[PDB]
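Q: Here is what each chain is made of, one letter per residue.
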Amino acid sequence: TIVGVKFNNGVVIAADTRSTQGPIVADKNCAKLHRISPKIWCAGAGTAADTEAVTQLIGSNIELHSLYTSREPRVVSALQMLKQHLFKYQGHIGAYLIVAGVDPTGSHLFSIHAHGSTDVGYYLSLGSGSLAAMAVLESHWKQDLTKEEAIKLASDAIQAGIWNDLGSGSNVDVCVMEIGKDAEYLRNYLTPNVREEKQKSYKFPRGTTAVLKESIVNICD
Amino acid sequence: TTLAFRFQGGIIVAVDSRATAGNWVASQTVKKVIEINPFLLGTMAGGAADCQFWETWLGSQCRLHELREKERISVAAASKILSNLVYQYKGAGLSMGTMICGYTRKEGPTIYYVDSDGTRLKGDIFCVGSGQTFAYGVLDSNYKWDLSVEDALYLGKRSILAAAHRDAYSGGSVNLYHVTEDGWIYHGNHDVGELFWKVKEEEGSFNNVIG
Amino acid sequence: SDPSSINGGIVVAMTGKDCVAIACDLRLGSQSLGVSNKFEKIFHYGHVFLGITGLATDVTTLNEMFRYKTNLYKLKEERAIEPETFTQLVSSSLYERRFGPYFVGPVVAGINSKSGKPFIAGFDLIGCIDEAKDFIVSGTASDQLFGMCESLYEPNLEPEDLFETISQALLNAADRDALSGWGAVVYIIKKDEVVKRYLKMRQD
Amino acid sequence: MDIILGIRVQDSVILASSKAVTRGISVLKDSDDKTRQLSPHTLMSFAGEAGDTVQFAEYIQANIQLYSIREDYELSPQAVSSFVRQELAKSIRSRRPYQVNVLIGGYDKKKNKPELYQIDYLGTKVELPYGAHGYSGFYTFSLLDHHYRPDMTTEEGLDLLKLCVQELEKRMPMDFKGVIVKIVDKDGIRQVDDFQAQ
Amino acid sequence: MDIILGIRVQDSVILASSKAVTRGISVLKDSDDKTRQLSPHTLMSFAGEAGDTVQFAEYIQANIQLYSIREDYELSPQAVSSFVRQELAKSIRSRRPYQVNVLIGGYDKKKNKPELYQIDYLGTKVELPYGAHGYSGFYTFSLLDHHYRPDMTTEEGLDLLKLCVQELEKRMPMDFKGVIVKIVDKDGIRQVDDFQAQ
Amino acid sequence: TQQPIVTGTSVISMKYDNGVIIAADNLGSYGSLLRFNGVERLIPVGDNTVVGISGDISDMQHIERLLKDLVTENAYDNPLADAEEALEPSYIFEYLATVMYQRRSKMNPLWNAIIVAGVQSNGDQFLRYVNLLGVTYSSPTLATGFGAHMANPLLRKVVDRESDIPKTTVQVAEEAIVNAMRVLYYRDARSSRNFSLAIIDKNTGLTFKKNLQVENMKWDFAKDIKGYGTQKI
Amino acid sequence: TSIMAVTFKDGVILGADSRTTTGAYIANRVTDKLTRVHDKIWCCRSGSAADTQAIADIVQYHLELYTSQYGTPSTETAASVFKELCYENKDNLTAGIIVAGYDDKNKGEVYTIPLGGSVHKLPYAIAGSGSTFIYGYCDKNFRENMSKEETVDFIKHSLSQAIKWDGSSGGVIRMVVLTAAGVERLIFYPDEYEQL
Amino acid sequence: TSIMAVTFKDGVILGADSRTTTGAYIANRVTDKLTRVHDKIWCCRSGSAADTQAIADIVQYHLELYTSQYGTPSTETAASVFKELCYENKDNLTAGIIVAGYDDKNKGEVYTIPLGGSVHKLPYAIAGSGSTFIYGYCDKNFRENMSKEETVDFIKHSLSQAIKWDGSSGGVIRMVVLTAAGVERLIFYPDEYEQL
Amino acid sequence: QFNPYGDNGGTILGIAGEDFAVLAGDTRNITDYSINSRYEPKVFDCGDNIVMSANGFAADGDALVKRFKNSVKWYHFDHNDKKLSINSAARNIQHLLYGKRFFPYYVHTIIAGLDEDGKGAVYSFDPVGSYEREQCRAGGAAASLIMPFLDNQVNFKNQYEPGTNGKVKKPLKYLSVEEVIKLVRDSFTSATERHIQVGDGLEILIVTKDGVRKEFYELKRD
Ligand SMILES: *C(=O)[C@H]1NC[C@@](C)(O)[C@](O)([C@H](CC2CCCCC2)NC(=O)[C@H](Cc2ccc(OC)cc2)NC(=O)[C@H](CCO)NC(=O)CN2CCOCC2)O[C@@H]1C
Ligand SMILES: *C(=O)[C@H]1NC[C@@](C)(O)[C@](O)([C@H](CC2CCCCC2)NC(=O)[C@H](Cc2ccc(OC)cc2)NC(=O)[C@H](CCO)NC(=O)CN2CCOCC2)O[C@@H]1C
Ligand SMILES: [Cl-]
Ligand SMILES: [Cl-]
Ligand SMILES: [Cl-]
Ligand SMILES: [Mg+2]
Ligand SMILES: [Mg+2]
Ligand SMILES: [Mg+2]
Ligand SMILES: [Mg+2]
Ligand SMILES: [Mg+2]
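Here the protein sequences come in this chain order: V, K, W, X, J, M, b, N and L. Heads up, the first sequence is in the deposited numbering, so the first residue is 2 and it goes up one at a time. Heads up, the second sequence is in the deposited numbering, so the first residue is 2 and it goes up one at a time. Heads up, the third sequence is in the deposited numbering, so the first residue is 1 and it goes up one at a time. Heads up, the fourth sequence is in the deposited numbering, so the first residue is 1 and it goes up one at a time. Heads up, the fifth sequence is in the deposited numbering, so the first residue is 1 and it goes up one at a time. Heads up, the sixth sequence is in the deposited numbering, so the first residue is 1 and it goes up one at a time. Heads up, the seventh sequence is in the deposited numbering, so the first residue is 1 and it goes up one at a time. Heads up, the eighth sequence is in the deposited numbering, so the first residue is 1 and it goes up one at a time. Heads up, the ninth sequence is in the deposited numbering, so the first residue is 1 and it goes up one at a time.
Hints listed in this document are in silico derivations from the structure and should not be mistaken for laboratory results. Heads up, a few of these hints could be off.
[As the list claims (entries may be wrong)] Label-pair ranges, simulated between beta-carbon atoms: (1) L/209 to J/97: 58 to 68 Å; (2) b/64 to N/27: 49 to 59 Å; (3) X/37 to W/1: 34 to 44 Å; (4) W/1 to L/66: 33 to 43 Å; (5) J/167 to K/9: 22 to 32 Å; (6) V/81 to X/93: 47 to 57 Å; (7) J/195 to X/37: 37 to 47 Å; (8) W/69 to V/199: 35 to 45 Å; (9) N/27 to b/143: 36 to 46 Å.
All residues carry an ideal CB built from backbone N, CA and C; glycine is no exception.
Working from the sequences, and respecting the hints, build out all of it.
A: Here you go:
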């Protein structure tokens with residue numbers, strides 16, 4: 002569950018921290034918020050390997066382009082490079098991204114689909130928890146939000162996903178990108194799913210396991 | 002894995018105790034032998050529900066015969082009741098391979114292979130289930146008519162152990178049965194976990210394992 | 001049909017107090033037929049340990065590939081590769097074969113020689129990194145291992161205690177999977193020494 | 001399918017391979033040698049798809065014989081098996097893979113020890129005391145799990161094969177027209193011409 | 001599949017039927033009698049689907065034995081074969097047909113002549129000097145097209161079967177574990193217990 | 001086996017301190033075509049039960065006829081048909097639940113998702129769901145099709161668990177339902193602006209509201225959106 | 001989707017709804033389907049959003065490179081580039097595009113490119129899933145050489161009907177007016193066009 | 001097929017085209033799609049000709065037997081019988097039927113029964129393949145309590161547009177006027193309706 | 001084409017004590033990625049000191065439980081109010097399930113109670129009626145996660161006496177009701193973490209000679 006919300010002086014993206022293999026939770030706290038450039042951040046849904054690979058590739062090419070032109074990276078550049086790559090592979094790279102950031106031309110918020118279609122909005126959501134999040138955004142969003150209001154709305158939208166979507170769960174990651182200042186990445190901004198203390202310790206009495214053969218392994222060459 | 006073989010000292014019946022749901026191990030403690038009457042045994046392989054239901058049902062039809070004819074049902078007749086029922090359901094998707102092993106004064110020791118295809122065969126040696134080929138390998142290379150009740154019991158136990166090892170869809174424990182003129186005698190449950198190491202040491206076999 | 005279910009096998013890795021553990025079963029089968037009871041799924045390149053489950057030909061191929069790449073790394077860098085760096089090499093190596101992948105479930109375990117920090121990681125067949133502080137699981141009995149690890153595990157276990165925990169997690173998970181077991185080996189990894197132990201388990 | 005058995009004893013590797021070649025409902029030949037000598041102390045038996053089976057064997061034989069002349073040296077059984085595995089591991093992801101399963105029996109003159117390698121068409125290699133390909137394994141592995149010892153003489157090893165062949169002749173559906181048996185030891189490769197009734 | 005041969009000579013019909021019952025990769029039995037006596041001078045051999053094969057044979061046997069007691073008279077081989085054909089011709093258009101092929105060998109005590117009928121699962125009957133079902137025919141008919149005479153003795157007829165079995169043992173892929181041979185003549189039905197090496 | 005033709009979208013509902021609210025739009029969709037606009041999908045049964053139906057409208061009209069018969073048949077030889085032996089929400093639900101499961105079990109389903117909202121004779125709030133599979137469940141908030149994805153998340157912010165029901169008023173509960181209907185009109189392509197809303201209170205009884213419209217819609221921000229990325233005008 | 005372009009006395013007007021759907025979910029309710037490929041050459045996109053965007057982006061590139069070399073391209077030239085991409089890649093594209101531009105000599109022109117990749121020059125053109133419902137209305141109500149006020153009304157009435165019947169259509173009615181005067185952006189909100 | 005029924009001040013008017021097609025071949029260019037089930041209860045048939053004929057024949061039987069026993073059936077009663085056949089046999093029928101009748105108490109009434117077998121009572125109803133093109137036109141031009149002359153014009157203009165765009169529609173425009181006065185048959189030839 | 005079956009997720013757990021038995025199950029009902037209910041009871045008191053849970057397809061689960069509850073009612077009517085023994089209930093359910101062998105109830109069903117000797121009993125069933133009496137069993141979505149844990153912590157599998165060189169196995173003992181409830185709550189907190197279809201609430205039914213008691217515990221709601 003990933004969302005992006007524009008406020009009057011920048012843009013904020015938020016995401017949950019659940020990685021799934023089918024019905025099994027693989028990672029209870031994986032970071033879905035990726036850095037394309039210092040002030041351009043990306044939230045990824047769909048094929049996990051694809052969202053990570055495509056973000057690192059365009060991030061690498063954006064850096065090289067930034068050094069070449071001696072200019073700050075632009076969001077429209079990251080957008081154009083992602084859409085042209087995803088389109089070339091006819092959706093076989095299953096990456097669904099909300100790309101947001103600030104650059105010389107101001108603050109920007111876009112969504113990119115696997116087939117290479119782009120949308121522009123003041124509020125967006127993607128993933129299995131898209132509809133749970135979008136319901137909250139369509140209820141509470143107004144024009145001219147403050148930084149604290151936008152973080153609250155974005156955070157509330159991810160919580161909607163965590164509770165009401167089985168695909169989403171655990172914690173809320175947030176990244177704030179304000180026109181004036183450095184982008185602040187808030188890893189585990191909320192942790193509302195802490196595991197209660199176990200009823201028992203399952204520490205085994207030493208010698209419980211039957212061993213056949215023992216040997217020291219050689220690490221040094 | 003189930004086998005039943007005929008020798009000088011009667012019939013040996015040995016089975017594993019594993020239930021599977023694909024690659025999932027459902028149970029390690031399961032019964033694949035139905036004691037129909039004191040001189041009639043039924044082994045179970047294939048669909049769990051199919052085997053349990055129709056062999057429990059066979060037990061009912063066998064009791065009904067002795068109430069009617071004031072006599073114990075013959076192995077041939079008992080096997081053919083299950084055979085004819087299974088054949089009624091042919092093509093429906095019933096999955097069961099079974100051995101009907103018993104002793105009557107008429108027939109002597111008798112084994113009947115019956116499967117869900119409708120095949121009914123009399124014979125001295127049978128191995129049924131996913132691990133039948135493994136059980137056959139050990140059994141065929143050591144079988145004589147003139148084995149001691151002690152030795153025949155072992156070869157049966159050992160033949161299931163072999164299959165329990167190699168076949169992924171067999172194991173848990175070995176359930177042994179001996180069939181004389183006095184009826185079936187249960188010769189205990191042998192957990193493959195402990196039996197493997199006991200046999201390996203005492204016999205010197207399973208030289209493909211580390212330990 | 002499913003290349004991840006032909007041969008069978010499992011790998012599990014756990015972190016303790018200034019130590020890591022990685023364990024695996026020894027079974028190599030062809031569907032129902034068990035073939036080898038000596039097929040180890042854990043390899044090491046210096047102090048970095050890699051466990052690989054899935055299609056056996058790809059397990060062997062990737063072992064030979066990562067030995068090849070780590071040998072060249074060591075000659076150029078003039079130092080042993082670190083777990084964090086090796087994790088990235090495995091990830092980029094697997095995603096290179098995105099549209100024709102190796103049918104594997106790799107698991108990296110080791111201690112960063114400089115920071116002394118215990119490190120484990122897991123991957124999908126196309127190389128998505130799963131970096132967990134507690135434990136990683138892989139193979140045909142991954143559901144089972146997830147259940148055992150989630151219950152048995154507690155943080156900051158001493159090497160001698162962590163051994164008992166990972167051993168019981170593996171053994172009990174393996175005995176609920178048809179395609180796993182046939183013997184097991186556990187690696188207890190510390191900064192200075194590494195102990196390798198073969199477990200006595202069920203041979204069915 | 002075709003029967004491919006291999007057994008490693010004290011001082012030798014014994015390979016037993018079926019003599020039958022069948023297309024449709026006809027047995028075209030009953031004296032087929034399903035093996036190629038790769039080097040004087042390494043032998044490879046093979047079974048699988050009709051054309052691929054021999055084409056692959058002769059291709060491997062050609063490469064090992066070339067290496068032997070270039071280096072004036074015999075590759076270790078381990079080294080030969082590693083080369084073969086990689087060729088199959090390439091093949092499996094090619095346009096049309098070689099559908100061939102092989103046993104490699106070799107005497108390592110350096111270690112003075114017999115070695116048996118089992119490799120399937122995917123490139124799945126493993127070293128075994130005894131090996132089989134196809135449906136043979138389903139009956140022979142439990143037999144050998146029972147009767148096998150590592151200190152057995154070549155004579156004891158042949159008796160143990162005779163026992164495996166008898167079981168396959170009893171319980172296998174198809175007539176594989178007996179086996180050709182070959183011993184690989186320190187003195188190289190010889191064929192047991194008297195296995196029709198040993 | 002299973003081997004079902006029938007041969008009609010001067011004064012007898014000889015039926016040769018394979019002893020092998022195979023399911024999957026295993027041979028479950030090597031002494032199966034694939035024939036039922038319908039009447040003292042009529043014998044029916046059968047092969048096909050696992051369950052249908054015996055169920056059909058015993059069903060026909062039951063009906064002929066019932067007729068024999070009701071009329072206190074033995075139906076002619078011709079009459080029995082006509083009954084069997086009609087049962088199969090009904091079966092083929094039923095919900096689940098009997099997939100069974102039969103040979104009917106009978107001595108007609110009225111005409112004092114042996115008679116061999118070949119009927120497939122469709123209900124295709126034909127009277128022949130010699131007959132086979134499944135893949136057996138592909139080798140035995142041409143062999144029998146060359147070596148058969150109508151004036152042959154029962155002894156000459158057994159020698160001609162021995163020649164058919166030898167050919168099937170040479171060129172057929174599956175091990176059918178030999179044949180059970182039964183002679184139908186004026187004195188009824190007897191089994192040749194010594195065909196393992198005649 | 002069948003396929004739905006003319007279809008109704010989401011039915012949303014929740015329970016508050018004294019009763020239950022249920023709502024559904026007045027649309028009959030023919031695939032992508034918004035064909036019929038005068039369609040009532042809230043069926044009142046007596047004065048203590050409202051049955052909200054989504055899915056195939058032909059099957060809905062059948063269920064509507066079954067309910068009018070249930071009322072008629074209950075009145076037969078029943079002098080307490082308007083008192084102690086009147087139809088209960090739980091009676092009406094279990095009947096529909098029985099039919100739905102029988103039809104799925106004959107491989108000829110009624111292509112519907114149904115919510116039976118009402119108040120029992122003892123004043124207890126009744127709210128339970130049943131669909132073409134015969135699957136049944138109760139929750140403080142229930143919604144069919146699209147409502148399950150967007151309405152439930154919003155309605156669960158007002159009543160997350162059972163203990164929250166006595167704390168929720170009719171004003172708060174209705175306001176939440178009316179808001180959820182607007183959110184569905186924004187994002188559901190098979191939805192309508194015109195909807196019906198029914199309140200069954202254990203004091204004020206049954207209040208059936210017709211010809212309601214989604215109001216207070218935010219569209220003004222649309223003028224500022226131009227192109228799909230790089231366009232500036 | 002409901003899209004149309006109408007030639008009138010002073011030039012041409014492009015109109016579109018603002019609804020993008022993935023199944024029955026409205027993924028974007030404020031989509032801009034009116035895309036610029038040159039100062040006074042715009043196009044209406046319908047079909048695969050990915051395909052129509054990829055095409056429009058390539059056309060804008062081609063006309064920018066055309067302008068650099070040979071000056072302002074004709075509306076016909078723009079339509080020819082759209083055609084060439086659509087026709088030659090017909091197997092891998094699901095795109096229906098209306099091209100509309102204002103030339104000082106040719107006044108207002110409308111070209112429509114359906115799925116096949118054929119080109120059709122028309123006084124006015126309608127396209128998208130919602131167009132099926134307004135063939136009747138548009139044929140009966142369209143006159144040549146209408147005023148700006150009249151043409152805006154014709155498109156506003158036409159698209160309101162398309163939106164009313166088509167579930168795949170809705171949101172706001174965006175328009176883009178192309179005359180000698182320049183480029184004018186118009187928007188009409190549901191609370192207005194619904195009650196026509 | 002293009003079919004519609006319109007209620008007006010004096011009663012109801014049924015209208016239909018006359019084209020039956022098997023693929024692209026016009027099997028019958030003078031089809032009568034306006035079918036009598038009672039003196040002043042008529043239906044418009046759309047979908048499978050075989051299915052709609054079989055249904056109409058059965059309904060006419062049911063209403064003739066109804067009349068024999070209980071006198072003149074209501075337009076609603078006729079629609080209920082059509083519904084019952086269509087709904088209960090939905091798996092084996094491809095029939096879309098508009099039922100229109102004149103009652104002396106209820107005046108003119110229109111019921112439409114789409115594929116599913118649902119019933120919808122409307123002031124006017126449109127159906128058949130050609131109806132998709134005139135949803136826009138019909139919604140904008142329909143007023144309640146029109147005159148006979150006005151209603152004939154509305155149907156004539158509506159069906160002419162449906163015929164113009166739909167290939168599956170064409171031939172003559174048949175109408176059937178249902179008032180207290182009686183039953184009037186109207187026909188309009190291409191040479192008239194095409195040039196509207 | 002219409003699909004008669006669905007999956008409502010959830011997980012159930014049965015453990016047999018020396019003189020008691022527990023049947024526990026999560027109270028979450030789901031469809032695909034949506035939550036239907038956070039509290040929808042799944043484990044039922046069927047009378048005669050028998051608790052039953054048919055987990056999988058909720059419709060087929062409710063149908064089976066309903067038919068068995070009815071089966072108990074008619075056992076009383078037809079056999080002079082005789083108590084239905086747990087073994088007799090098990091065999092009765094086999095016939096209920098196998099009755100629909102060719103259109104099965106898509107459920108894994110567990111019953112818990114006391115045998116005729118007063119000892120705790122757990123019977124588990126496959127969808128078509130196959131059943132075995134067991135010491136413990138987990139069924140449903142997270143069965144594959146919990147069963148290995150039970151094998152280890154209830155039956156002490158792969159556990160040995162320290163320093164006996166893995167020769168002497170751990171004494172096989174009976175757990176107390178307090179010790180069993182601990183294992184159940186740890187099994188479900190663990191299952192909730194790693195399975196998306198498990199959570200919201202845990203409801204445990206305990207059967208002793210005194211009757212059926214119910215305990216409820218909150219689970220994670222993500
Ligand atoms: C909010 O809506 C979150 N909902 C969860 C989910 C799954 O939709 C996801 O998109 C999440 C994205 C993150 C996860 C953590 C790493 C960064 C990306 N995606 C997954 O967890 C993803 C689900 C998924 C799997 C497979 C397919 O198509 C086959 C689609 C979605 N998981 C994976 O891809 C796993 C690795 C995760 O550990 N890998 C596979 O399933 C391997 N298959 C890949 C395709 O080739 C066949 C094998 O987060 C959203 C935002
Ligand atoms: C020796 O060769 C053993 N090999 C192991 C095994 C498992 O294959 C089996 O046949 C064993 C037989 C006993 C019978 C007596 C009760 C215990 C089991 N079979 C199974 O355990 C059986 C496997 C199986 C499943 C399905 C089919 O046909 C589709 C054939 C065999 N397992 C089951 O029946 C499981 C029970 C665990 O839940 N149930 C299902 O798979 C559920 N489906 C059954 C089919 O209908 C749909 C529902 O023992 C031999 C002797
Ligand atoms: Cl479109
Ligand atoms: Cl017609
Ligand atoms: Cl039509
Ligand atoms: Mg096993
Ligand atoms: Mg196992
Ligand atoms: Mg291999
Ligand atoms: Mg026309
Ligand atoms: Mg969640």
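Q: None of the hints should be skipped; say for each whether it holds.
A: Verification of the supplied hints:
no. : hint                      : result
1   : L/209 to J/97: 58 to 68 Å : holds, 60 Å
2   : b/64 to N/27: 49 to 59 Å  : holds, 55 Å
3   : X/37 to W/1: 34 to 44 Å   : holds, 37 Å
4   : W/1 to L/66: 33 to 43 Å   : holds, 39 Å
5   : J/167 to K/9: 22 to 32 Å  : violated, 40 Å
6   : V/81 to X/93: 47 to 57 Å  : violated, 35 Å
7   : J/195 to X/37: 37 to 47 Å : holds, 43 Å
8   : W/69 to V/199: 35 to 45 Å : holds, 41 Å
9   : N/27 to b/143: 36 to 46 Å : holds, 38 Å
Hints 5 and 6, counting from the list given before, are not met by this structure.
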